[PDB]
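Assemble the complex: chain A is given as a structure, and chain A' must be docked to it using the hints.
Given next are the chains, with one letter for each unit.
There are 2 protein chains.
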Amino acid sequence: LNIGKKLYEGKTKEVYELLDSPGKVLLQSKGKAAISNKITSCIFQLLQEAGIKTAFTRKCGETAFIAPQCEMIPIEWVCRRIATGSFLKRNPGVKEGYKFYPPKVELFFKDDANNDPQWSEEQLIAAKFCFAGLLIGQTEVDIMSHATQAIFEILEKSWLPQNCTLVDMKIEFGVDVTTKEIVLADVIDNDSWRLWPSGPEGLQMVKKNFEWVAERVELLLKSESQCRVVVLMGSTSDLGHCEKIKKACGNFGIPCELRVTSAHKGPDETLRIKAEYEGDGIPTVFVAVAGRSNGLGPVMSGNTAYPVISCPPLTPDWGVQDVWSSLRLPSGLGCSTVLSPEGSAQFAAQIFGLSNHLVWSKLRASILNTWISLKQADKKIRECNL
Amino acid sequence: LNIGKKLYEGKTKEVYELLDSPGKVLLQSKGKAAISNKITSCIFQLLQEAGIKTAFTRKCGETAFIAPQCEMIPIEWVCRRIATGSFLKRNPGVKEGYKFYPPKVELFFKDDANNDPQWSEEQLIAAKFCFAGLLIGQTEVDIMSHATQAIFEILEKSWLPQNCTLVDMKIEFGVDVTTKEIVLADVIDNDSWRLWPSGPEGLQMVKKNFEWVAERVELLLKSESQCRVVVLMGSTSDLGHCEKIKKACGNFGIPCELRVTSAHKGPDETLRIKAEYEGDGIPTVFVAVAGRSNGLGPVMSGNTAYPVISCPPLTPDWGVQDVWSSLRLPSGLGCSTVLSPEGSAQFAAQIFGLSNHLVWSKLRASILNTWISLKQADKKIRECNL
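These protein sequence lines are chains A and A', in that order. A prime marks a further copy of an entry chain.
Under the authors' numbering, the residues of the first sequence are numbered 7 to 36, 52 to 220, 239 to 425, in order.
Under the authors' numbering, the residues of the second sequence are numbered 7 to 36, 52 to 220, 239 to 425, in order.
Looking at chain A on its own, in the form it has when it is part of the complex:
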């Protein structure tokens, strides 16, 4: 049903304990506060589906949402693509509009409504903070800045179709008391970011009002770009190879179908099947899987205007001899080769990602998370250099 104790809170919400369910044992509650919760519930669900570790479970009512319990980091991370207001005042000379390409990440010391300054990434490390048991140093500070930039880009991309420019945003992290992971732990409403109208060009430039932002955010959870990956295999004995591609495609939310066809045996049939994927208007990418001399990829590519990846099921036995039938093609063939089965699915994702922000986001989160993972393995092996 619902319970609750006391606990902490921020400026927009009040965090409460939740007996009858420990861990995610947290409830955020807080006119227009219901708008602020609708926004923060989408951005979170969005960033979460993309792959970003974020403190959010399910939406709750109109002005609430439960999320895992965690100790907050007293720092305000801000990311910019364009310099405006405050920044200008702090950085004399930078004319408004200056675009930052990496883009710029700055963090502000303790949120304290007093002066709450700007800390150097080095003053945070020397701060030697520790929450939920996690001592915050190089590794952790590096994760948050990287994750902030990643979260920025994801939202920046997600907004573009609504014709909105993410100028800059503010975000706070927190260590999950259970998993001990640094997570995007606190609400993101219309005062967490700044969205130009981007159809330097419009009025004096006015951030979208929480009202307009409100009735658009749910649209970021869906994409206009449809996409499909069709896997063609010359022989069912490679079914396993094709399934790794299919499963991989599943990780990037891209629908994928497996099919059996032989350029060598049923030339005519291969073209036929090609036609029914071409004629139905769904943007498609073909992945050709043919062992030995691969004539499947070459033929497909030569008869379709869509991309064609040859992903040969090589084994070290004769692999070195077979790949060349996939590389070395007669002129006029765009056909590309990718040896890794999941790798080919990833490439396909990156192809569709150019049009589907939801896919792009998953690629981006993944890039980040892989870095997070690298970072941790090094710290774990570093322990053993004593």
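Since the hints were made in silico from the structure, they are not lab data.
Among these hints, one or two may not hold up.
Identical copies carry no separate label here, and so any pair may be met within one copy or between two of them.
[Said to hold, decoys possible] Straight-line alpha carbon distances no greater than 25 angstroms define the calculated PhoX-like cross-link-like pairs of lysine-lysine that follow:
{"id": "1", "residue 1": "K131", "residue 2": "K116"}
{"id": "2", "residue 1": "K285", "residue 2": "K30"}
{"id": "3", "residue 1": "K414", "residue 2": "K120"}
{"id": "4", "residue 1": "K120", "residue 2": "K419"}
{"id": "5", "residue 1": "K17", "residue 2": "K246"}
{"id": "6", "residue 1": "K149", "residue 2": "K116"}
{"id": "7", "residue 1": "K110", "residue 2": "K131"}
{"id": "8", "residue 1": "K116", "residue 2": "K418"}
{"id": "9", "residue 1": "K149", "residue 2": "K110"}
Leaving out everything else, chain A' in the frame of chain A:
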């Protein structure tokens, strides 16, 4: 004889024109100013011999030195390895002693004895400065910061043998009016850097006084570590290959000798020659050059405690078959392989560099300069994307 007009000047020297010799048409003149000139004359000659582009020609008298004429950049570049004084005051929290590893580079706006603030690398670009025709932007600002760090490390290394720790330094650049290159254009005396005694440990930590620094700086121009590269070739028909290595070694100031010996023909003789390089105490690195089945490298490595590089003179005719005789050696052989002739000389340099700061410096300057070159080619091809 000598002439001169008016021109500009800094805080320690007064730059004068020099009729009878345009371009390098500059003279720096300025008790203890003679000390300041002796110091700045070595550091310059040092950085110059290492490969750093620096505004310095020859020393002149006791309190002067001529250098090429150039327009100065109104910025003070500072590099730190350890945080102290000023920095601490500017960065609250960073306890004294904090080591910066990249290490830290900061630049201060216009030298103006007024407030002469701290500029962001982005405020300098937006400053849109232009000297001697060179508009200063991304590329140029990036060169100076990189060059500053490189110059730091070189001097940091150069000092170590005198048991001195380079804590931080200040440096100013300038565009050479002739070549148009950004060069380390202005004096480096004892007020340009800070040298601990490094034998947190000594007194309250006192920078060396210009007197002690003075009678040590000339020692940085020489090294304690002797080094020699001996090139063994199984056949004089590879003489050309060996000479590229020799010439390359010449670029890193390492003496190199070529010799003829055959593991297959004169086994006994090869060992003999090996012995006369081992017995004379000069730290040596052996580079084995043997075509076809290379038994020279393998044998050398197995009979000497010094390093042995196999640098096969491969050609695409049978290269793919020959390299394996240099790779794939029976156990107990440290023998390493390096295909590029100059590349093998470079590796040898990096080996000796671990002990000869003069060599290390040349390696470092080279790393930098290659980056400078990459940077410029991209900017030159970028022009053609209009």
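Here is what the structure says about each hint:
For a Cα distance limit of 25 angstroms, the shortest separation of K131 from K116 across copies, 19 angstroms, qualifies, whereas the shortest one inside one copy, 28 angstroms, does not. In the homo-oligomer, the alpha carbons of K285 and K30 never lie at most 25 angstroms apart, since the shortest distance is 33 angstroms inside one protomer and 69 angstroms across protomers. When the C-alpha separation of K414 and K120 is checked against a cutoff of 25 angstroms, the pair qualifies only between copies, where the shortest distance is 21 angstroms, while the shortest distance within a copy is 29 angstroms. Within a single copy, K120 and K419 get their C-alpha atoms only as close as 37 angstroms, which misses the 25 angstroms cut-off; across copies the closest is 23 angstroms, which meets it.
When the C-alpha separation of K17 and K246 is checked against a cutoff of 25 angstroms, the pair qualifies only within one copy, where the shortest distance is 21 angstroms, while the shortest distance between copies is 50 angstroms. With identical chains, the CA atoms of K149 and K116 are at most 25 angstroms apart between copies only, with a shortest distance of 12 angstroms across copies and 36 angstroms within one. Proximity of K110 and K131 under a CA criterion of 25 angstroms is satisfied in both settings, with 21 angstroms inside one chain copy and 19 angstroms between copies. Taking identical chains as interchangeable, the C-alpha atoms of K116 and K418 lie at most 25 angstroms apart only when they sit on different chains, with a minimum of 24 angstroms there against 41 angstroms within one chain.
In this assembly of identical chains, the alpha carbons of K149 and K110 lie at most 25 angstroms apart only when taken from different copies (19 angstroms versus 30 angstroms within one copy).
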